[PDB]
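**Student:** Residues per chain, in single letters:
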Amino acid sequence: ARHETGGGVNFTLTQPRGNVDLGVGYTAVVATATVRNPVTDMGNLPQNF
Amino acid sequence: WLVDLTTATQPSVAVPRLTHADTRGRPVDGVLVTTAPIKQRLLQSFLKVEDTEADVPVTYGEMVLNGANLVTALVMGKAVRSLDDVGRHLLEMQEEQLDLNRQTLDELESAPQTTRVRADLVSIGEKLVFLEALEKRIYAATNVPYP
Amino acid sequence: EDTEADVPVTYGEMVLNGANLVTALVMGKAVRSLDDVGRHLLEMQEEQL
Amino acid sequence: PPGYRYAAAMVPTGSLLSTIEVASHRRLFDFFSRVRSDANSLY
Amino acid sequence: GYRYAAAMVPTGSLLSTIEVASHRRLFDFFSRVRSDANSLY
Amino acid sequence: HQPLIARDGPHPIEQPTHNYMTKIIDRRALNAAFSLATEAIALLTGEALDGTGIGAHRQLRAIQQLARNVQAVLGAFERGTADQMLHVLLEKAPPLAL
Amino acid sequence: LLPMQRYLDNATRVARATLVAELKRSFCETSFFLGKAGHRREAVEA
Amino acid sequence: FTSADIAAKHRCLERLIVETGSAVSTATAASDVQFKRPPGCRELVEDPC
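If you're matching them up, the sequences are chains Z, S, H, P, E, D, V and W in order. Residue numbers for the first sequence follow the authors' numbering, so the first one is 1081 and each next one is one higher. Residue numbers for the second sequence follow the authors' numbering, so the first one is 247 and each next one is one higher. Residue numbers for the third sequence follow the authors' numbering, so the first one is 296 and each next one is one higher. Residue numbers for the fourth sequence follow the authors' numbering, so the first one is 8 and each next one is one higher. Residue numbers for the fifth sequence follow the authors' numbering, so the first one is 10 and each next one is one higher. Residue numbers for the sixth sequence follow the authors' numbering, so the first one is 100 and each next one is one higher. In case it helps, the authors' numbering puts the seventh sequence at residues 198 to 207, 211 to 246. Residue numbers for the eighth sequence follow the authors' numbering, so the first one is 1277 and each next one is one higher.
Bound-form chain Z, shown alone:
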């Protein structure tokens, strides 16, 4: 592409791709191993209306 702003000139390259999932049945596994830190503070936040 070729598409300019602000004085500058952008060359936004693109490339389209494809995904054939050639598996009769399951072919991939997530294995949940370890636990890093909790994001939420397990605290008190009463909800209003």
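Bear in mind the hints are in silico, worked out from the structure with no lab data behind them. Among the hints, a few may not be true.
With a cut-off of at most 16 angstroms between alpha-carbon atoms, the simulated EDC-like pairs for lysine to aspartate or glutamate come out as follows [claimed, not checked]: (1) D/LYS191 / W/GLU1290; (2) S/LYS382 / D/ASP182; (3) D/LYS191 / Z/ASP1101; (4) D/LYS191 / W/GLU1322; (5) V/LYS224 / Z/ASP1101; (6) S/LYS285 / S/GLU378; (7) D/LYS122 / P/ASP37; (8) D/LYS122 / Z/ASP1101; (9) S/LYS382 / V/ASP206; (10) S/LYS382 / D/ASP125; (11) D/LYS191 / W/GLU1295.
Have a look at the derived ranges for each label pair, beta carbon to beta carbon [unchecked claim]: (12) W/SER1307 / P/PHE39: 40 to 48 angstroms; (13) S/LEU293 / W/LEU1289: 30 to 38 angstroms; (14) D/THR144 / S/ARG263: 44 to 52 angstroms; (15) W/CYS1317 / V/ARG225: 26 to 34 angstroms; (16) Z/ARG1082 / S/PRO391: 29 to 37 angstroms; (17) W/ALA1299 / S/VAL304: 38 to 46 angstroms; (18) D/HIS110 / S/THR318: 44 to 52 angstroms; (19) W/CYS1325 / P/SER44: 24 to 32 angstroms; (20) P/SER31 / D/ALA166: 33 to 41 angstroms; (21) W/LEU1289 / D/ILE112: 42 to 50 angstroms; (22) V/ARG225 / S/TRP247: 24 to 32 angstroms; (23) S/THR318 / E/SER44: 41 to 49 angstroms.
Beta carbons: idealized from backbone N, C-alpha and C, even for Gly.
Starting from the structure of chain Z, add chains S, H, P, E, D, V and W where the hints point.
**Tutor:** Then chains S, H, P, E, D, V and W, alone, in the frame of chain Z:
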């Protein structure tokens, strides 16, 4: 438990092009991908590296609409993968013989050329595994969260 | 694993002898190695990249 | 949901490696046919 | 006042790359050039 | 092509089943920017040149803006491949606890 | 530091506010290591 | 409690398992307190609830 990774899913097709092998030449059936610390913990105690350097092909596959396939993309609007060989062998099956097990189409293709690639190898159960952590080759010093 | 390690002998020297001395006096600032920093600012203008 | 083309079978591209109960998981596929043995709309 | 033509021929090379804008106050003149700035010339 | 075993009644007699399929390809794309600025064009163009050595030096500062931005984009696709496999294989993979 | 090398690899407000719970716990436990759990071997060799 | 969305969910476990391996969460981690998700962001979070 790692055997339960390598047995919970059942293998898909045999593409005879890939040949991701060893220096010995045994083909690999699966690939693990972990983070950096869990790779280190599984190499100190739990598992044992077999081989250091694995043979990987270089080329890719051309799938081009040159030839008699080109006309069916324009007049018609769809395309067979290999119409020059699907269409060729629809004249001998009606005429000559019969078979239960054919010649698979990919097994008549060329063998690609391979080089030597440094990548660690792990044998869980009875089949090989490419094991690799991916926050140093890729996702190093960019603004991108590791997926 | 080992007891006896191989170590270098001498330090490095960076001296204002040569063409840098004129820039020390008349100019009053200094390139590190003007005999080679300034030299290779010419073959990139002429030949290659 | 198009009925696919039965002669693409007749010279196959690449062969599978493992047989499974297939109608356990269906929505990985789109045009799915349980053919009790050789039947009407195969022709 | 980074002199641009000095590193057109470098003297040595680093090894490890980081998001350098993590630690900034170690330095004196530092600039985030988003692939080209006007003041690069 | 499912296989068979014959049984005895009162099991019902089973017949050879066949299973047949279609898969629709899913499609994704990539993106990479390159941006120059205003004055980087004129040094490649020639509008701000002289007969001096300074201007002909300044093109080498403009050609090496491209070469430091070419390899930071054409290399940025092979690390999208290694990105866009692990955004699919985290969608086809259910956890070992299920 | 080990809760900063686990932060310089991703930047908003919460990702800062979880480092405070890291720089506290990583200091109140594993500061003086060769005195506390020096009797083991795997903990030292890592 | 929203009885519409479970009625829109199906019953076949061979996709219900996989859809809650990479489900679309109702929360965002970059929020200040805790927000409903903005329509642009999609964090792939698994949901045993």
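**Student:** If a hint holds in the structure, say so; if it doesn't, say that too.
**Tutor:** Checked hints:
no.	hint	verdict
1	D/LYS191 / W/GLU1290	11 angstroms, holds
2	S/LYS382 / D/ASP182	13 angstroms, holds
3	D/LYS191 / Z/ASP1101	9 angstroms, holds
4	D/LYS191 / W/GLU1322	13 angstroms, holds
5	V/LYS224 / Z/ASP1101	46 angstroms, violated
6	S/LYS285 / S/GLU378	7 angstroms, holds
7	D/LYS122 / P/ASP37	6 angstroms, holds
8	D/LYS122 / Z/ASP1101	8 angstroms, holds
9	S/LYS382 / V/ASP206	10 angstroms, holds
10	S/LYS382 / D/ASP125	29 angstroms, violated
11	D/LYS191 / W/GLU1295	9 angstroms, holds
12	W/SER1307 / P/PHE39: 40 to 48 angstroms	42 angstroms, holds
13	S/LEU293 / W/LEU1289: 30 to 38 angstroms	32 angstroms, holds
14	D/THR144 / S/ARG263: 44 to 52 angstroms	47 angstroms, holds
15	W/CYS1317 / V/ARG225: 26 to 34 angstroms	29 angstroms, holds
16	Z/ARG1082 / S/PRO391: 29 to 37 angstroms	31 angstroms, holds
17	W/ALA1299 / S/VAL304: 38 to 46 angstroms	39 angstroms, holds
18	D/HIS110 / S/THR318: 44 to 52 angstroms	49 angstroms, holds
19	W/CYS1325 / P/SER44: 24 to 32 angstroms	45 angstroms, violated
20	P/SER31 / D/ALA166: 33 to 41 angstroms	55 angstroms, violated
21	W/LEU1289 / D/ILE112: 42 to 50 angstroms	30 angstroms, violated
22	V/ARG225 / S/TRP247: 24 to 32 angstroms	28 angstroms, holds
23	S/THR318 / E/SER44: 41 to 49 angstroms	44 angstroms, holds
Going down the numbered hints, you'll see the structure goes against 5, 10, 19, 20, 21, while the others check out.
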